[PDB]
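Below sits a lone chain in structure tokens, taken as the form solved without the ligand.
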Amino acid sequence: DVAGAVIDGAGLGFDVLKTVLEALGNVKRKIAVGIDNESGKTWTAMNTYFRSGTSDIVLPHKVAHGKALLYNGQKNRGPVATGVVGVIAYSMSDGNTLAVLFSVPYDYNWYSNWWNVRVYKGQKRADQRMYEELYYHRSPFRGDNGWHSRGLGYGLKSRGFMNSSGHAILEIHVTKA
């Protein structure tokens, strides 16, 4: 149950994400991401785009139906007052893209955690334009310690949760609508 592995879907929960957080160690901002695939079809990694921060982790390459992927990121190291903000992209078996946004800021006096999920038509790599779409235009969910559910179209829906603090967990389930 490490970032970069897939686990039986049922196994994904807050604790496994906490384990992922902890293995990152003493850094100011960071995220553990778990996405559970009940789409009915296989996901293959495309790429992650970072607006800010990094990960030393290779996105799990294949995520079969019934598996969950484990991933992480963290702020750029050293004296930069910045967080960890990015977009993950997976290609699905139907030829479309599953896109996930995470945003953990540095300054909670002025900013909050956000996340989002959307299915794009075709093969689309994560990039800055996708960032701006998911963040400014496609109604992102606040990391407000609450669950949020939404239809993805394409026969699918999303359910996920993200906390509100600088050590973020983000738990997403993709299921048949």
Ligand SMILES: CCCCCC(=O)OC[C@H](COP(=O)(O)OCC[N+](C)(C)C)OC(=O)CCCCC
Given for the second form:
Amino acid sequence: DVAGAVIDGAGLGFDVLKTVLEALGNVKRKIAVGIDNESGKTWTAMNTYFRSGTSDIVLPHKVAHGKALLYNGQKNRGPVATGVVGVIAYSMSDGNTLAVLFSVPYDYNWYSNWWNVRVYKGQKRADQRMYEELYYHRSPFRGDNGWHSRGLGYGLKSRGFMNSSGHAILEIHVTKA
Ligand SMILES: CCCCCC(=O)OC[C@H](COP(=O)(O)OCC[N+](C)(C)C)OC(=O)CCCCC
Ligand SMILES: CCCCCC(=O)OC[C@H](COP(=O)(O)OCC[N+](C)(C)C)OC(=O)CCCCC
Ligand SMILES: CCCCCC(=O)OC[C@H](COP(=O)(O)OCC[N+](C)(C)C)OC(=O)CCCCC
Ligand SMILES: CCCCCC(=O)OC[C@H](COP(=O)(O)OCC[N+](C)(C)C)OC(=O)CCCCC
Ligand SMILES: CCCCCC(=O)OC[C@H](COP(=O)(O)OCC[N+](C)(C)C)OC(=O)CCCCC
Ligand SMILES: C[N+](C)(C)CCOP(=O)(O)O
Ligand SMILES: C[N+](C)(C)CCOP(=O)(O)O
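The form deposited with the ligand bound is what I want next, because the block you gave corresponds to the form solved without the ligand; please supply it.
Full assembly next; the chain just shown is listed first.
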């Protein structure tokens, strides 16, 4: 149950993500991400685009149906007042891209936690424009300590949870609609 591994999908829960979050170190802003693939498709990691922050974890490369991936990120390790903000992109085996936004800001006087999950047509690496789409234009969810669900199209739906603090957990399930 470490960042960079896959686990059985039915084992994903808050306690796994707490474990990942604590293993990372006590840095001011950090995130543990788990995504359960119950999509019927095999996922292959492309990349993570960091608008803010970094990770030392390799995205789990192959995520079969029935598996969840574990991942983490953290703020820049230097003295800069920035958070951990980015997009994960996986290529799904029927030809499209699963994109996951996380935003864990440095300053909660001006910003809040957000996430999003969307399917893009074709095979699309995460980048600044994708980040701007998911953050500004494609109706992200609040990291509000509540669950949110939405249809993705493509025969898929998502349900996920993000907490509100700078030590963030993000749990997402992708299932067949
Ligand atoms: C584009 C490089 C120039 C520096 C701006 C930048 O990267 O954002 C830095 C900072 C860090 O943002 P961060 O906490 O990492 O992420 C939350 C903000 N978003 C999600 C928009 C990036 O956010 C700000 O713009 C500070 C200005 C405060 C105006 C109220
Ligand atoms: C385009 C930059 C200025 C307006 C952007 C914006 O939507 O501000 C978000 C602000 C709230 O930003 P938020 O992260 O909730 O709070 C900033 C933190 N405070 C409230 C302490 C300033 O408005 C709302 O209350 C509802 C918006 C939610 C969906 C668009
Ligand atoms: C009513 C369903 C919207 C989501 C499911 C879907 O059919 O997604 C297809 C596509 C997946 O996104 P993408 O691959 O980026 O294609 C839409 C953008 N264009 C038309 C430029 C290629 O999104 C759309 O065409 C409309 C939603 C995008 C507007 C926010
Ligand atoms: C008087 C300039 C105020 C700048 C607004 C700000 O605080 O940051 C918003 C933006 C948020 O970054 P991002 O979410 O990446 O969106 C960048 C591109 N836009 C704004 C078009 C979506 O960061 C910037 O690129 C402005 C940097 C000006 C620094 C002198
Ligand atoms: C006076 C109301 C507008 C400014 C305050 C606000 O709405 O919170 C906006 C924003 C929080 O914006 P953002 O994270 O872009 O919006 C959250 C909603 N989403 C995630 C959908 C974009 O923080 C800022 O950059 C303030 C800059 C002051 C210039 C007057
Ligand atoms: C951009 N960087 C990651 C190389 C340096 C720090 O940038 P930021 O964290 O101040 O945006
Ligand atoms: C508030 N904002 C200017 C940073 C977001 C709007 O930018 P844009 O994505 O419409 O170019």
